[PDB]
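Student: Spelled out from the first residue to the last, the chains are:
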Amino acid sequence: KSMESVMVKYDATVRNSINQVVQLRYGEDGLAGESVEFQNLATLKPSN
Amino acid sequence: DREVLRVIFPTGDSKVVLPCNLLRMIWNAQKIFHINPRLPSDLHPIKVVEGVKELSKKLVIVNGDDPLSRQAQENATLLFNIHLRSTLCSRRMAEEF
Amino acid sequence: XXXXXXXXXXXXXXXXXXXXXXXXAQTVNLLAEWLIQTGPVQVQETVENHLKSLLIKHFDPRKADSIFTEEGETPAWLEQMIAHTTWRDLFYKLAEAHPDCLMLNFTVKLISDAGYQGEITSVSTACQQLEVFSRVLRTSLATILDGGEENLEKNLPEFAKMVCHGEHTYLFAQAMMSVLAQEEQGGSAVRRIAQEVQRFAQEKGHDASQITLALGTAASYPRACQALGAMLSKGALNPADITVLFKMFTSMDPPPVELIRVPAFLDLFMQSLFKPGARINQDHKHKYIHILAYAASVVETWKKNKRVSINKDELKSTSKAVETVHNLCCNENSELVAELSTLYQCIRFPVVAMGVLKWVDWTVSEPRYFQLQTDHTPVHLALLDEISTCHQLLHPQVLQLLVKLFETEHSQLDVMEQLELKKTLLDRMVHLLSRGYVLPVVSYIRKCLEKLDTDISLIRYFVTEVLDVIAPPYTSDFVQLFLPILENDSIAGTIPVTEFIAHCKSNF
Amino acid sequence: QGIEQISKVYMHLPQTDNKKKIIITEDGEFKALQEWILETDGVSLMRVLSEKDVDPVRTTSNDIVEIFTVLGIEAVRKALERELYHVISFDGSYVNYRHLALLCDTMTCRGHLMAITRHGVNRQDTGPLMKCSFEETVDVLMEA
Amino acid sequence: XXXXXXXXXXXXXXXXXXXXXXXXXXXXXXXXXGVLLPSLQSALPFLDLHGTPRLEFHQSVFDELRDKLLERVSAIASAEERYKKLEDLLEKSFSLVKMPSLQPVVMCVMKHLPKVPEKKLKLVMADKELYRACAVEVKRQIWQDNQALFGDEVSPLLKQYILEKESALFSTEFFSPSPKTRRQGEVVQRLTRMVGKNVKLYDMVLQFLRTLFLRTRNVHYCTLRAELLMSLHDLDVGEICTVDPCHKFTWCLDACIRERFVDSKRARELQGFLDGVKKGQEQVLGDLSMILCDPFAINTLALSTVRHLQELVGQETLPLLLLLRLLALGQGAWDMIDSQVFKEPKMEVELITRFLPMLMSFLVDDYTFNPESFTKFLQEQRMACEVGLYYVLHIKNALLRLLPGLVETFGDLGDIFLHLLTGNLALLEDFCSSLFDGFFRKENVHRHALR
Amino acid sequence: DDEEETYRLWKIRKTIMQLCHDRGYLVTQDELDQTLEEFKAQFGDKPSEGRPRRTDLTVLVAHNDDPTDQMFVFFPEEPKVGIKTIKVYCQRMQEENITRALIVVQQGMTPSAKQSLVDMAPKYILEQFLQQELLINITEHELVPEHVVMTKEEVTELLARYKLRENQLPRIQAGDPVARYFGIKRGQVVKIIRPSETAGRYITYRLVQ
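Chains as they are written, first to last, in PDB author numbering: chain Y, 866 to 913; chain L, 962 to 1058; chain H, 57 to 66, 74 to 87, 91 to 105, 108 to 401, 405 to 566, 574 to 586; chain F, 1299 to 1442; chain G, 4 to 36, 38 to 82, 86 to 180, 187 to 332, 338 to 388, 408 to 432, 438 to 455, 458 to 471, 478 to 490, 496 to 506; chain Z, 2 to 210.
Rather than coming from a laboratory, the hints here were simulated on the basis of the structure. Note that beta-carbon positions come from the ideal geometry of N, C-alpha and C, so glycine has one too. Check the hints yourself; a few may be wrong.
Stated by the list, open to error - Here are some chain F residues the structure puts well away from chain Y; computed CB gaps all over 12 Å: (1) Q1299; (2) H1310; (3) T1314; (4) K1318; (5) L1331; (6) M1344; (7) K1350; (8) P1354; (9) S1391; (10) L1401; (11) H1410; (12) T1424; (13) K1429; (14) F1432; (15) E1441.
What the hints assert, rightly or not - Below, a list of computed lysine-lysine pairs in the DSSO-like style, where the Cα atoms sit at most 27 Å apart: (16) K1329/F with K522/H; (17) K910/Y with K522/H; (18) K261/G with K166/G; (19) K1329/F with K518/H; (20) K164/Z with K874/Y; (21) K91/G with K127/G; (22) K976/L with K1317/F; (23) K161/H with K1317/F.
Given only the sequences and the hints, what does the whole structure look like? Please build it.
Tutor: As structure tokens, then:
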């Protein structure tokens, strides 16, 4: 009941029923959560 | 990009959640086109660089040519572009993949 | 060689071009002296390094062989490039990059014949010729004989890696050790360094038991030699060979005690007997104990060819001590403190003390041990204390076990429980320091202070415990090794110490 | 001695690298330094952060309210994220960051902490009908 | 073709190898030419066995010994000992002027604290003849020596005037609104071409530019002075800002006027700075020139005057903000027409009150709904207030009534093109605006582009 | 202790220098990071009854955009600040051309003084800061992301790009600690840049209400 009306609008922003923006992009990247995967960054960890 | 990553992840935890599984896609490309790893390749590294740049231009989350829109687009795809330039770099495409 | 090209032409066009090119150094000298004034040795060193990079960078597979086709006496680029301390480094690097080169091997033999060794490079330059390897090996064991125990611990890795590069190199090294070990004086040092080389070869995965049975005059009796060879090669104590050796050693004529005193065999016996998870059958248990007592009890007098006196009086007491301690090792569950005084009288023998040390190592290094210990100090640490008290030869083993436990992270304990465990191990370290083994312990605390992330409170506790038991005078080495940990700006302010720093300031 | 409403303080070395001091070495390598941290019973951020030899950058709280009153609304958004992630992934389970981020952004979008009750959801400009669909339908419709 | 000792040795070698046989002579010359500690002869047959390049070795060692430790040269350049070492290096490298002296010139430029004019005159002559790469030190020496830097600044001043004229001709849809930050162009490069911490040369260049813009120049000049002062203030030029006592204060006031255009505190600061000012010869004539030559500052002052007139009409207190605006307009009207002491003949109280009553009556008529004599008096009166009146009129029944007044003022009275463009961009009324524009080469082009 | 008090005063001055530099006022680099011993040498190390009094620690700084925009940092001697000392500070500002001030109070102010500070807020902008609240910099905390105050043209361009009104943005209270740190009033928009583990970087905009 807190956030039932919160949705992605057609300008790819996230807004409630008051038309107030909650997120400028969904999940801050604009991607759906069902199509993302656990990946490893090969550049963060190794030494210089 | 490495310095930006080490700012973003102060702990060295490289396991992130990103849309396109680049390692599996490279493996799929190896299996589909019958890539022999023992042989020299016919892929110019400058084509790798320019292809990664054009692909990064294609992946658009925030539309618009405004500086605000350009900054929002660069921020929204920052992690994925870093992962793409890291995975699809010239040295790795020359040696490993 | 532009003059040669000029004299070998005077087509004319290319000749004139090359002449103009050659006519197209002193400005480099002007820049060098300007930099010397603005700065001396560094400029010439960087110039020589850039020259060495240019010489290395392209190739040299056969051109030096082509100039050596005329046997290459040529002292012009030999004596100019043989003693400037940097070109021989280039030649070692080139020989490492390009092995089996005739001219490179000739230059290596030339730089070895001048006694200018000092680079290991064990792949190509060290072990290619008998002369070069012999001279670098002679320098190596001269250094290991001059340095002492500290140089032993700091130098057996690279030296034993260089002499175990090939089986022929190991054979030559063990040949020199076997020849030098029969000298009347100083043979114990040679036997020791040979033993660490042999154990390095053993832990490197290469079989070296055949060398140490053949070259150590232990092949007088072929049956016992074959049994001991199978013993050392298989890496376990088998009943057949111990029965053969026991029935031979109980005979009317005893064999020499040299082959049964091999440290590899005795260490493997320690693995077999004093392991907590070992169940030796009773029909060979007394054979094992009698073998150990004979190996570590007899007093033998030798005059240059044979023996006339062998003493077995201490054999009974040694066998009783080892039997009692083996019964304790097979007892496991309390019942240890019930008759612990007898255990301390058995620790008075050194072989029993090393067996107890290995048993303590296996009992304590097993995980979830301190988690099941209720008392403030474990009893096995007190066994280590008595081992350090009775004997001084086992002090490096005690310190090795203590640093193994001190570096071990026990995630199953509370943080204060870990801290008091480290304090207990450090109390054992303080006892080891008080029993004469001083310098390596302070060296380890120095290592823990700056290049390790140990607790500063532990270092302060060590300093407090040491300074409450030591009194002046002190030597120069102990003061030089103990002063920097007391002036580290994380110890002196919090931490009497005023008397010690006053004595060190007034005396040193 | 001490600070009021700080009853008991425990000290321990962290085991997981979440609370270990991670540094980048001279050769660009991540190293986990085991350093002492203090966990208290009872909370007062602003006095503890001011103490000598207490890190004012990493010292945080479980208490959402004092983090909001001391460090602000974006900091309490991040702290709410971290607390929800802890209470979700303590048992090893995983939830996508989109849902946690959306919950924290909905609870922190109005400047104050919007509690998920009748006292935070039925107090914004969401209209009478969707407010009365949640709770106190008669009171909400009477006020409207 | 670098001479010196090396050139002399080359000439000697050329004279020696001038025929007459001597095959051993060439070899001796090649061997004598190998720097020190003759192990290079030992390294020679290692390189001779595969088609010996000596030029490659010489260029490689020259390139490394220059490029690798030019950083060391800069480090020893970056006080007395380093300056002496830089002077010794410059004295050593002065003989290699004909020789390639990229590093030899950079070594002197890094330690360029001591001028050394005895060799500095020859260095400046060689730099003028050969177009040397010494940018900062060369520009500082040219500014301190003679008017060559004056000629370079006069050329940039002419380029800036041409750019301003082209921008005025190239009309577009608010008198090009841009503050000192966003207007970083055509003077940031000139500011970097300045000496930096050179108060005397920069002050002389600014005085020459102001004199050229005043005596024989338009009002387009003297705004570059404000632009360079703002660039130096944002560039952290402490010495140049601290040289002018009131220049930094009036530049800060001008920046505050350009940022907002409505501020009583800025007006109070400007009045306080003008009250305790020095004599009109020094710091007064320059301040008047800076006020007059500022076109964007003049537009900001006109907008502030319009806002103050609107505030006075709302308050109904016609007869200190309006007085401050009038004093600022009188100070910034013009001072480069005649060179003399600082005088402020302005503030026509009766004419100002008559002009303000017309705007107040127009505003009252526009408020009540939702002339020719006032326009004739403005055309036959002070045009400084006429520009503000036109700007106020450019930006229902009141507008229709004031349109005939704007048409009458258009037929009565250089700077009117920008005001007309601003009124057309800010603004039934289109037909009246087109009729006013057609009732009169930049103005015709702007009228054609608007319609 | 007394050296503890001068350490606390040095820390408060350090936070004031960092705050004024972050707010855009001209603060020199050496003042931005001066050590404790430099504070003792400059001011006196004995704030009990000696040299570094609270009156001596008053800081006047000017903005980088216009020198007319100046701001005081007043340090009252008394723990609890009343009406009369506020009137003294307002008299000190009214004899100058300076309309902004921070009042670094030791104990909490009286409610009459607080509502007084509310009263002349359109004329003189006086901000009250507790002694505890300035012993650290909250913006240096790892939970607090980067806050950048947007100019009015930036706000208009932001609202024009996403086609949203001012009330549609997420908001931040004027009593927020970071909003009080940056001294930002209602109707002003702060942009917030924080790292993200799904996108890398995220910029959100909060409007002060």
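Student: All hints are to be evaluated individually against the structure, with a verdict given for each.
Tutor: Quick rundown of the hints versus the structure:
1. No Cβ of chain Y comes within 12 Å of the Cβ of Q1299/F; the nearest lies about 44 Å off, and the non-interface call holds.
2. Listed as a non-interface residue, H1310/F keeps its Cβ farther than 12 Å from every Cβ of chain Y; the least gap is roughly 27 Å.
3. Every CB of chain Y is more than 12 Å from the CB of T1314/F (nearest about 17 Å), matching its label as outside the interface.
4. No Cβ of chain Y approaches the Cβ of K1318/F within 12 Å, the least distance being about 16 Å, so the stated non-interface status holds.
5. Chain Y leaves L1331/F outside its interface by the beta-carbon criterion, the shortest separation being 17 Å against a cut-off of 12 Å.
6. A cut-off of 12 Å between C-beta atoms confirms that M1344/F is not in contact with chain Y; the least separation is 30 Å.
7. With a closest Cβ-Cβ approach of about 34 Å to chain Y, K1350/F is found to remain outside the 12 Å limit, as its non-interface label requires.
8. Distance to chain Y confirms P1354/F as a non-interface residue, since its nearest Cβ pair spans about 27 Å, more than 12 Å.
9. The claim that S1391/F lies off the interface holds: its Cβ sits roughly 14 Å from the closest Cβ of chain Y, which is beyond the 12 Å cut-off.
10. A beta-carbon of chain Y is positioned within 12 Å of the beta-carbon of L1401/F; the least distance is around 7 Å.
11. The beta carbon of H1410/F sits about 14 Å from the closest Cβ of chain Y, which is more than 12 Å, so the claim that it is off the interface holds.
12. Not every Cβ of chain Y is farther than 12 Å from the Cβ of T1424/F; the closest lies at roughly 6 Å, contradicting the non-interface assignment.
13. The Cβ of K1429/F sits about 10 Å from the closest Cβ of chain Y, inside the 12 Å cut-off, so the non-interface label is violated.
14. A beta-carbon of chain Y is positioned within 12 Å of the beta-carbon of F1432/F; the least distance is around 5 Å.
15. Distance check for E1441/F against chain Y: the nearest CB is about 18 Å away, which clears 12 Å, and the non-interface claim stands.
16. A C-alpha spacing of about 14 Å is found between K1329/F and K522/H, which places the hinted pair at or below 27 Å, so the restraint holds.
17. At roughly 23 Å between alpha-carbon atoms, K910/Y and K522/H fall within 27 Å of each other, so this suggested pair holds.
18. Between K261/G and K166/G the CA atoms are separated by roughly 26 Å; this keeps the pair inside 27 Å, and the hint holds.
19. For a cut-off of 27 Å, the pair hint linking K1329/F to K518/H stands: about 19 Å separates their Cα positions.
20. Proposed proximity of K164/Z and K874/Y is supported: the alpha carbons are some 13 Å apart, at most 27 Å.
21. Only pairs whose Cα atoms come within 27 Å are accepted, and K91/G paired with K127/G is accepted, the gap being roughly 16 Å.
22. Proposed proximity of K976/L and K1317/F is supported: the alpha carbons are some 18 Å apart, at most 27 Å.
23. A distance of roughly 47 Å separates the Cα atoms of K161/H and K1317/F; the hinted pair therefore is violated under the 27 Å criterion.
Hints 10, 12, 13, 14, 23, counting from the list given before, are not met by this structure.
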